[PDB]
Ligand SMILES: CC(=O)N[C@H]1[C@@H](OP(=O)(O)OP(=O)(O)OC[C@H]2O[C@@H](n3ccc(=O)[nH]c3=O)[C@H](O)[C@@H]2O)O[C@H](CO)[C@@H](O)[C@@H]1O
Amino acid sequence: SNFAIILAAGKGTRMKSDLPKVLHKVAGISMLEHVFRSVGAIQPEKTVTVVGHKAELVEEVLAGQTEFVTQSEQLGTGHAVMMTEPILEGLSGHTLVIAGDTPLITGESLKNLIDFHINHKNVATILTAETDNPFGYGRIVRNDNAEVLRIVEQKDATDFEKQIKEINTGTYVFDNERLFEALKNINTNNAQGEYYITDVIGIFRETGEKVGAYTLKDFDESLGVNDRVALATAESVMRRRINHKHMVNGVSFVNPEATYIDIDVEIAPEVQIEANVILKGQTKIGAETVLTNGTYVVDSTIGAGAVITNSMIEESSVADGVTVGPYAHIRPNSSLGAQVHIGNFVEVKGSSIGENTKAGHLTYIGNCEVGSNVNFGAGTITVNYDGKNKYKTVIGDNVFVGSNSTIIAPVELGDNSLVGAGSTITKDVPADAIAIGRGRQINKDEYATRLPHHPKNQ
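Stick to the form deposited with this ligand bound and return the structure of that chain only.
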């Protein structure tokens, strides 16, 4: 049996945040969730997450895919593991211990760690890495024979030990039985006055039990995030990982170091992404679609062959061949049918737009059901709100909504109808009719010579 203990009860003072450190997001999900996903790879029979600081909030995210234990007082990583005793003490197996603030460690690395622990028959295996800047990390102390002696914390380290480049990642595999026994022998006699889980290594060394170290193939994965500088580094590595995956799958990136794509976004092959594109949440991008600089898509599905030019799209569906932008805003609950064109400075919200309809400019379409082949002249405003309630407008197929018209819901524009430009519409317009609601033009000869803008008046 394999067990897993995730430490997530720490205060994260260095984060300077009211939000528990492990809940800070990296590429769209909490660091804790990235850790949960990696832990999942070793398929533990039992997973125990230790919560403390604002345990209330932490238990929210994934409150069933693991057991929870509360650490009333954050007395140390070692003490946090102690909190799992009621559930794990007494069982036999291999127990993975991992921090909730090391989101870059992969499930593959954990599986490699477990495999190594088993094959070498260690009582404890430490996941390690090397770095030129080990400040803040426990250092792996070895002897002339490269044998692991112990782990020394930054605060407790001497000037000499601080020069060690091999660091403790905060992840280990322990024989479950021996783990809790060794735990009984740790105390708060250190620079932090805390119960260090790292002290069990020295304990196993005293008993002569086998202690090994499995080194990460990719040292970038070792990042421990204690502050926002490290969080930004975590974002950079995860961003590179996600984008690398998309490029391998056939997606071109003008600049993968500057494109922000969340962990679960799906992107089909042949999609072209310019730099500075943001794709978040449950977003899916279809084949050959082009996303230009500035595009920001959240929880939306975009079809194939679409061209999203510097536009923001939220909780919406965009069909194949659609063109949006530049500077368009497709708000929640919108659906853009096949080959629809939404041009610059257009806002669509809570509306369904039929195939081949076009709204090229300076338009607002809200709470509307719009047919196919409809044309919205520039400046068209669908009026749907009266200060208390929202009203719906239905627009048929092939309707021509004149430029600068004002459509006051609830009304229906029948198939093939035309609304004259500049018109305010307060009543239904029958299919095949035209509707005009505007003042007639009157010219006043020479009147301009009397006004401030005239050249002769300045």
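Residue numbers count along the first chain shown, from 1. Rigid core here is just the name for the largest C-alpha set that superposes within 1.5 Å across the two forms. What changes on going to the form solved without this ligand:
Of the residues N249, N185, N293, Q272, exactly one exceeds or equals a 2 Å C-alpha shift between these two forms once the rigid core is aligned, and that residue is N185. Comparing the forms between these two forms on their rigid core, the Cα displacement of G136 reaches 2 Å or more. A movement of the C-alpha atom of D156 reaching 2 angstroms or beyond is seen between these two forms when the two forms are aligned on their rigid core. Relative to the superposed rigid core, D262 undergoes a CA displacement smaller than 2 Å between these two forms.
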Second form
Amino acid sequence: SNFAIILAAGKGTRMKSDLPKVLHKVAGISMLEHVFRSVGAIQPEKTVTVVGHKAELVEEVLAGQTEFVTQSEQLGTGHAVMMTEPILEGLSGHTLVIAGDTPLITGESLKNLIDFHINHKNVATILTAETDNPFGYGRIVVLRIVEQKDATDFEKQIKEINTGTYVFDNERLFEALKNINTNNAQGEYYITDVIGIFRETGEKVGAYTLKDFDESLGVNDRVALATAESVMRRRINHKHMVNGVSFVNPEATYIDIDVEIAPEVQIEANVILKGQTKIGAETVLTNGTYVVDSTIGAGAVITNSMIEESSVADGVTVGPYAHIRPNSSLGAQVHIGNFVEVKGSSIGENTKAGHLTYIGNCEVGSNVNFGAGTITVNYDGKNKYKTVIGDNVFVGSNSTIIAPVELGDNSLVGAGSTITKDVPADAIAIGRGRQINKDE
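Now that the form deposited with this ligand bound has been shown, please provide the structure of the form solved without this ligand.
Here you get just the chain by itself.
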């Protein structure tokens, strides 16, 4: 009963990019994916995306749930939708035609668009909006969509404009296109021509007006791309605020569309949350914090730090200026202070690494203490090695732990030491020279 056609064929030269226009991201995902998500709201029985230049590229990612069709020749929107003929020809119902570059339209508006369509038995309904600066846009007279050039000194005053989003009765849509194309006397034909045909035939043409004009934004250049990110950012942050998350400045906090955040979390300005990130209850995120594809538990405090593809338990304190790199896990109540880098290591609960430390490829136990300046070495030039540090070990400041090596439970390393051999449990490893003063 409901069908959807997504127009996603290049031609976006104002973007000054080699990437297909619809692949440019907005709050974490491509414009095309935001459009697929809105389209899902109408629960279309079938969906077809017309692609073009770098066709496979657009398919080489956001594929699967959707049928694709390629157009090797660009002859306008009419032609583009004509390329979906092989799949929608004959079926009865309602067909939504939408551009892959209008990422701000919501599922709720698409739905209101169809409802209106049916509630008036229209043959075609134009999604429209009102602006005080109609310049350029096609004007809505419903009788006909007058273009800017073909507009009369009078018509150039119509506030209501065409958003380029439509709903047509599937049977008549392909008919009109088939017709226009042959008796067009021109090469390229636009989808708005079909609106012209229903005018001739006296068929019913409705128009749904959007409440918010800004949701109709079509992205043609990077100025409109930034505007899209601005609206999407406000939308995302608004939902988080209604859900109990505090923002010092929601106009300057950057949270991707799929990030999950528990109520009571507090977010200072200029925090960045990307990908599949998740934040537990009562966690505090301070200015400069940057988190990507990670999980942060409840009661944590992340201070001006960078966390990537890692997991952080409840009550962890990180920062300021720490870097938690891929595949690290920080156990409950762990503390990572300033200028510490943790990479590919698991760290047991209550362990502390408060300063200028590098921990890579280690399995670390609980209640371990890393003195300021501790460095793990697990790279020789071609191969890496792992290090095991037991529970309750004390690693003196400015030490160098050279892997492969193991430190047993409760062992201790003296400051300034260089460890090259296993240190047994309860032992004490020292590898530093003796001090020698010299008067005058």
